[PDB]
Amino acid sequence: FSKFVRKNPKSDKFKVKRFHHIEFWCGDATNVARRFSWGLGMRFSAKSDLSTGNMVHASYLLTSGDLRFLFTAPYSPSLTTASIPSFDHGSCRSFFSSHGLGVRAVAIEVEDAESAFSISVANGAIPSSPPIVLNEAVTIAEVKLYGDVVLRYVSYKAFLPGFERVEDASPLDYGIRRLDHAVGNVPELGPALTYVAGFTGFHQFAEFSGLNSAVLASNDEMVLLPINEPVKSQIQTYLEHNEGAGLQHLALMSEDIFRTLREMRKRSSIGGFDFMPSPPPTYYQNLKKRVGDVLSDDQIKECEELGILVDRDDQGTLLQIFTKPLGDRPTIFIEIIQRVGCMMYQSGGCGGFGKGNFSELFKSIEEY
Amino acid sequence: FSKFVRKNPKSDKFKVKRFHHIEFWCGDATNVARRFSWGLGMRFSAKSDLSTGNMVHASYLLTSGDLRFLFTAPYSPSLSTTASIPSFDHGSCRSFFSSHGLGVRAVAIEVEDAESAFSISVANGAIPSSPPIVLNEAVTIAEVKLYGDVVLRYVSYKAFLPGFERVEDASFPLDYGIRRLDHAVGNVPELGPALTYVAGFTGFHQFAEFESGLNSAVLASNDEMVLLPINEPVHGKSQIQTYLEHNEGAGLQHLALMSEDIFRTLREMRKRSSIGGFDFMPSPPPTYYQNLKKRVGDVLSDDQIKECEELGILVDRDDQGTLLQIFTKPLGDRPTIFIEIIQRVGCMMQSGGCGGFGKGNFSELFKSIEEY
Ligand SMILES: Cc1ccccc1-n1c(=O)c2c(C)c(C(=O)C3=C(O)CCCC3=O)ccc2n(C)c1=O
Ligand SMILES: Cc1ccccc1-n1c(=O)c2c(C)c(C(=O)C3=C(O)CCCC3=O)ccc2n(C)c1=O
Ligand SMILES: [Co+2]
Ligand SMILES: [Co+2]
Numbered sequence: 029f030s031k032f033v034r035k036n037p038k039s040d041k042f043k044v045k046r047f048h049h050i051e052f053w054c055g056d057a058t059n060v061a062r063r064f065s066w067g068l069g070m071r072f073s074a075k076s077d078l079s080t081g082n083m084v085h086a087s088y089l090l091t092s093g094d095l096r097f098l099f100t101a102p103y104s105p106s107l116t117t118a119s120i121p122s123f124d125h126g127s128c129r130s131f132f133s134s135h136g137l138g139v140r141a142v143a144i145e146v147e148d149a150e151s152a153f154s155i156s157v158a159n160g161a162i163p164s165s166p167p168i169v170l171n172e173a174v175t176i177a178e179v180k181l182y183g184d185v186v187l188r189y190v191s192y193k194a202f203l204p205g206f207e208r209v210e211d212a213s216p217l218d219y220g221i222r223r224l225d226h227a228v229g230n231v232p233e234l235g236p237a238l239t240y241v242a243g244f245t246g247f248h249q250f251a252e253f263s264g265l266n267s268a269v270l271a272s273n274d275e276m277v278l279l280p281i282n283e284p285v291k292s293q294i295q296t297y298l299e300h301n302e303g304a305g306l307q308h309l310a311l312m313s314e315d316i317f318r319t320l321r322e323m324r325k326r327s328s329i330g331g332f333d334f335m336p337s338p339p340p341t342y343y344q345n346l347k348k349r350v351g352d353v354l355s356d357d358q359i360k361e362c363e364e365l366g367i368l369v370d371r372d373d374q375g376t377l378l379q380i381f382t383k384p385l386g387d388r389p390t391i392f393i394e395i396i397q398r399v400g401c402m403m411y412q413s414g415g416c417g418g419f420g421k422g423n424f425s426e427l428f429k430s431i432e433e434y
Numbered sequence: 029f030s031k032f033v034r035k036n037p038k039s040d041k042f043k044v045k046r047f048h049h050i051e052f053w054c055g056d057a058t059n060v061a062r063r064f065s066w067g068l069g070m071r072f073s074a075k076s077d078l079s080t081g082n083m084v085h086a087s088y089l090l091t092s093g094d095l096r097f098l099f100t101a102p103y104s105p106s107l108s116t117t118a119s120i121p122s123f124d125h126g127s128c129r130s131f132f133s134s135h136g137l138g139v140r141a142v143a144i145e146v147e148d149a150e151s152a153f154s155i156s157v158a159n160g161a162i163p164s165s166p167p168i169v170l171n172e173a174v175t176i177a178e179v180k181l182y183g184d185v186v187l188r189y190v191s192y193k194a202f203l204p205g206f207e208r209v210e211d212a213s215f216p217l218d219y220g221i222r223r224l225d226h227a228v229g230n231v232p233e234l235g236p237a238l239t240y241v242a243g244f245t246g247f248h249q250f251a252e253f262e263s264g265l266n267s268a269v270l271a272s273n274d275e276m277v278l279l280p281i282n283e284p285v286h287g291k292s293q294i295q296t297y298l299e300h301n302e303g304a305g306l307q308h309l310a311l312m313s314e315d316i317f318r319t320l321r322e323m324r325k326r327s328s329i330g331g332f333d334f335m336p337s338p339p340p341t342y343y344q345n346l347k348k349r350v351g352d353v354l355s356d357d358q359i360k361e362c363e364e365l366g367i368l369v370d371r372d373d374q375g376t377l378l379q380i381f382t383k384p385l386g387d388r389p390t391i392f393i394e395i396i397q398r399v400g401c402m403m412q413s414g415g416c417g418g419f420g421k422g423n424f425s426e427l428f429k430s431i432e433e434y
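Quick mapping for you: the protein sequence lines, in order, are chains A and B.
Using the UniProt record's numbering, the letters of the first sequence map in sequence onto residues 29 to 107, 116 to 194, 202 to 213, 216 to 253, 263 to 285, 291 to 403, 411 to 434.
Using the UniProt record's numbering, the letters of the second sequence map in sequence onto residues 29 to 108, 116 to 194, 202 to 213, 215 to 253, 262 to 287, 291 to 403, 412 to 434.
Treat each hint with caution, since some may be false.
[Unchecked claim] Here are a few chain B residues that face chain A, going by a calculated C-beta distance under 10 Å: (1) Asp56; (2) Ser164; (3) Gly330.
[Said to hold, decoys possible] Straight line, CA to CA, 30 Å or less: simulated DSS-like cross-link-like pairs of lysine-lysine: (4) A/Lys383 x B/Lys325; (5) B/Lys348 x B/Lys31; (6) B/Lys429 x A/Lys325; (7) A/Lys325 x B/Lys383; (8) B/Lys291 x B/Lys193; (9) B/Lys360 x B/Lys421; (10) B/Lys421 x B/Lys325; (11) B/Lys348 x B/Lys429.
Read the hints as simulated data drawn from the structure, not as lab findings.
Yeah, the Cβ is synthetic: ideal placement off N, Cα and C, and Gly gets one too.
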C-alpha cells in the first residue's frame with residue numbers, strides 16, 4: 029500500500045491564467061516558420077511584416093489549437117512601425133549570434149500585465165521590458181527568466204495589435222492542441238529556483263541521469279516551468300553550445316499522440332523533424348505489466364511502432380517522445396506528450419514529466 | 029526578311045567548364061535546407077557539421093540532378116581548424132547575413148585549374164577573396180569578388203568536397220524534375236562598371252538579346276553554359295532599386311533552375327506552397343494564353359498551352375528557340391532573391415541561352431493586361 033501526498037500552497041503573487049505564446053528569435057523567420065508549419069502541422073494565421081506595414085521586424089504566427097508559436101526576425105535598420121514593443125534590433129542579432137535559433141520569450145496570460153510586472157520586480161525579478169499598453173487593448177511586459185530568455189506577461193480587457208489575419212485553404218493539423226510545459230537549463234538550479242519562485246510565487250510540483267530537476271507550477275498547475283542543472292551530461296552539452304542558460308525543450312500536448320507521431324515521422328525526411336532512436340522491444344513487451352490497465356495491447360502496439368515512451372505516476376499516465384535538435388546546435392528540441400487520466411477538467415501535470423523513463427529505458431536494455 | 033546575327037569572340041581568359049554549386053549563407057542552415065529540400069524537391073546528399081567533426085560551420089548539400097545548393101551557417105567560435120571550406124569566416128558570415136539577409140554568397144564554377152583561373156583573374160582586375168587552396172591534394176578552391184558581397188568561386192579537381207560525408211538516401216527521395224542551374228543574375232547600381240569589371244577578368248563575352264525599369268546584359272563563357280546576367284535600375291518603383299535598398303547594396307537577384315519537364319515541377323511545387331514550399335507571382339490574365347497559339351503554337355500543342363494557363367507559365371521566343379519560365383516569390387523575409395523555373399526548347403545539335419531570358423514577356427504581359 030503506497031500513497032503519495034502532494035501539497036499546493038497556492039502562493040501565486042499575482043493572477044496567472046494560461047500559457048499565451050512562444051516567441052522564437054530567428055535570423056530569417058520565413059524559412060523557420062514555414063518548416064515548423066510543415067513539420068508540426070501548425071497553421072499560418074497572423075503576420076506582422078512589410079506586407080502589413082512593419083519595417084522593423086518580420087513576425088509570423090503559427091497556431092495549432094491553443095498553441096501559438098511566434099517567429100520573429102529583424103529587418104534592415106535603415107528602412116516606429118513595429119508591433120512588438122520590446123523588440124530591439126541589437127538584442128535580436130546578439131541573441132542569435134550567441135545562442136542560435138532558440139526561444140526568446142515565454143509568454144503567459146495574466147489578468148493584468150502591469151500589476152504582474154510591479155509585483156514581480158518588487159519580489160526580485162530583473163525587468164526587461166516595461167508594461168506597455170497597445171491600442172488601449174493589450175498590455176505586454178517582460179522580466180528576466182534565465183540567460184537571455186524572458187518571461188512575458190500578456191493581459192487583455194475583453202493575436203496582437205498590428206497583426207493581420209491570414210486565412211488559407213492549406216489546413217495543417219496533426220492533433221497538437223496546447224503547450225504543456227517549457228523547460229530551461231541553468232548551471233546552478235538552486236539560485237534559479239530561488240530567483241524564479243521568488244517573484245512569481247510559484248510552488249514546487251513534486252515528482253514520482264546527468265541532471266537535477268525541479269518543477270515550478272502555478273495555482274492551477276497549468277503553467278509549468280521545470281528547470282535543469284547538470285551533475291557526458293546532456294545538460295552541460297546544452298550550456299556549452301547555447302553559451303549559458305536557455306530553454307531546453309518545449310513540451311507540446313496533443314489530443315492524440317498516435318495521430319501526431321504518424322504525421323511527424325512521415326515528414327522527417329521531407330522537411331519535418333527527426334526523432335531519437337527508439338527503445339528496444341523489451342521495453343514494449345514489459346509494458347503490459349506496467350501500464351496494461353491504461354493502454355490496450357493495440358495501443359501498446361502503436362507505441363512500439365512510433366517509438367513512444369510511456370511512464371506512470373501516483374495518479375496518471377504519460378505518453379511522450381522527443382525530437383532531435385531543431386537547428387544547428389544540439390540545444391532546443393521538442394517533446395510531444397499526451398496525458399491520460401486525472402479527470403475531475412483534467413489536472414495539470416497528470417502523469418508527471420517522464421522521470422521514471424530513465425530507469426525503465428535502462429532496465430529494458432540489459433534484458434535486450 | 030529578318031535575321032539576328034550573333035557574334036562569339038570566345039575570349040575566355042581561362043578554361044571554364046560548368047556551374048558547380050551555389051552557397052547560401054544562413055543563420056540556421058538546418059531549417060533553410062529542409063525548407064528548400066521540400067519546396068524544390070532536392071535530396072539530402074552531403075553534410076559537414078558537428079556530426080562530422082566540423083565545429084566552425086554547419087553546411088548541408090542539397091542536389092537535384094546536377095544542381096547543387098549548399099547552405100552554410102556559423103557555429104559559435106567558443107567551440108575552439117576543422118572547417119571543410121577554407122574560405123569561411125565567422126565574422127564575414129554573421130556580417131553577410133546581418134547586412135543582406137538570406138542570399139547567395141558564392142557562385143561556384145568548375146574550371147580546368149583553380150590556381151590558373153585565380154592568377155589570371157587577379158591579373159586582369161579581379162579583387163581576390165580567397166587564394167587558391169589545395170585541399171586533401173585532390174581539389175582546389177579560390178574566390179574572387181563578383182557583385183557586392185557575392186564571390187566568384189573556382190572549383191577544379193585533379194581527376202562534393204573533402205570533409206563532407208555522402209548522405210545515404212533516407213527513403215525514393217524527392218525529385219521534381221529540376222536538373223541544372225541555368226543562370227545566376229545579380230543586381231547592381233551601375234551596369235557600366237560591373238560589366239567592365241566582371242568581363243574584364245573572366246573574358247566572358249556579351250550574349251546579345253533579341262517599359263520595365265532595368266537595363267540588362269548577359270555575360271557568357273565560350274560554350275555559353277555559364278550565364279551571368281547583370282541588372283541595373285532605371286529610374287523615373292523599379293524592383294532593382296527596391297532590391298538594392300533591402301539587400302543593402304548589390305547582390306545576386308535570382309537563379310534560373312532548368313527542369314526536364316516544367317509542368318511536372320510546377321504541379322509539385324504549387325502543391326506545396328501552402329504546406330511549407332514556395333509561393334509564386336500572380337498569374338497572367340486569361341487573354342495572355344489566348345494570345346499564345348499565334349506566338350508559339352508551332353512548338354506547343356493546344357494542351358501544353360492549356361497546361362501553361364493552369365500553372366501560370368510565361369512563354370517567350372527568340373530567333374533560336376523558345377523558353378518557358380515562371381517566378382517564385384522572394385525566398386526569405388526581405389523581397390530580395392527569388393527563384394526562376396525554366397525549360398528551354400529547341401536549339402538541338412541543346413544550346414546555351416535557347417529561347418532567350420524572357421525579356422519579351424515584359425511587353426507581352428503588358429499587352430495582355432490592357433484587355434478591358
Ligand atoms: C531524449 C533524450 C536524449 C538524450 C538525453 C536525454 C533524453 N531524455 C530526455 O531528455 C528526457 C526529458 C527531457 C524528459 C522531460 O521532459 C523532463 C525532464 O526530465 C526534466 C524535468 C521536466 C521534464 O519535463 C523526460 C524524459 C527524458 N528522457 C527519457 C530522455 O531520455
Ligand atoms: C518584373 C517583375 C516583378 C515582379 C515579379 C516578376 C517580375 N518579372 C520578372 O522578374 C522577370 C524576370 C526576372 C525575367 C528574367 O528572367 C530576366 C530579366 O528580367 C533580366 C535579364 C536576365 C533575366 O534572366 C523575365 C521576365 C520577368 N517578368 C516577365 C516579370 O514579370
Ligand atoms: Co518535458
Ligand atoms: Co532569369
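Evaluation of the provided hints:
1. For B/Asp56, the shortest C-beta to C-beta distance to chain A is roughly 4 Å, which falls under 10 Å, so the interface hint holds.
2. At a threshold of 10 Å, the smallest CB-CB gap from B/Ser164 to chain A is about 22 Å, leaving the interface hint violated.
3. Nearest Cβ of chain A to the Cβ of B/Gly330: about 3 Å, under the 10 Å cut. The hint holds.
4. Of the pairs offered as hints, the one joining A/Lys383 and B/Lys325 holds, with about 27 Å between alpha carbons and a cut-off of 30 Å not exceeded.
5. A distance of roughly 20 Å separates the Cα atoms of B/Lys348 and B/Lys31; the hinted pair therefore holds under the 30 Å criterion.
6. Straight-line distance between C-alpha atoms of B/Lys429 and A/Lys325 comes to about 46 Å, which puts the hinted pair past the 30 Å bound.
7. Among the hinted pairs, A/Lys325 with B/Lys383 is consistent with the structure: their alpha-carbon atoms are about 27 Å apart, no more than 30 Å.
8. Proximity of B/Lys291 to B/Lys193 is assessed by CA-CA distance (about 49 Å); at most 30 Å being required, the pair is judged violated.
9. A C-alpha spacing of about 22 Å is found between B/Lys360 and B/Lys421, which places the hinted pair at or below 30 Å, so the restraint holds.
10. In summary, the hint linking B/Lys421 to B/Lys325 is supported, as the alpha carbons are separated by about 28 Å, within the 30 Å threshold.
11. Our distance criterion of 30 Å between C-alpha atoms is met by B/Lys348 and B/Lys429, whose separation comes to about 14 Å.
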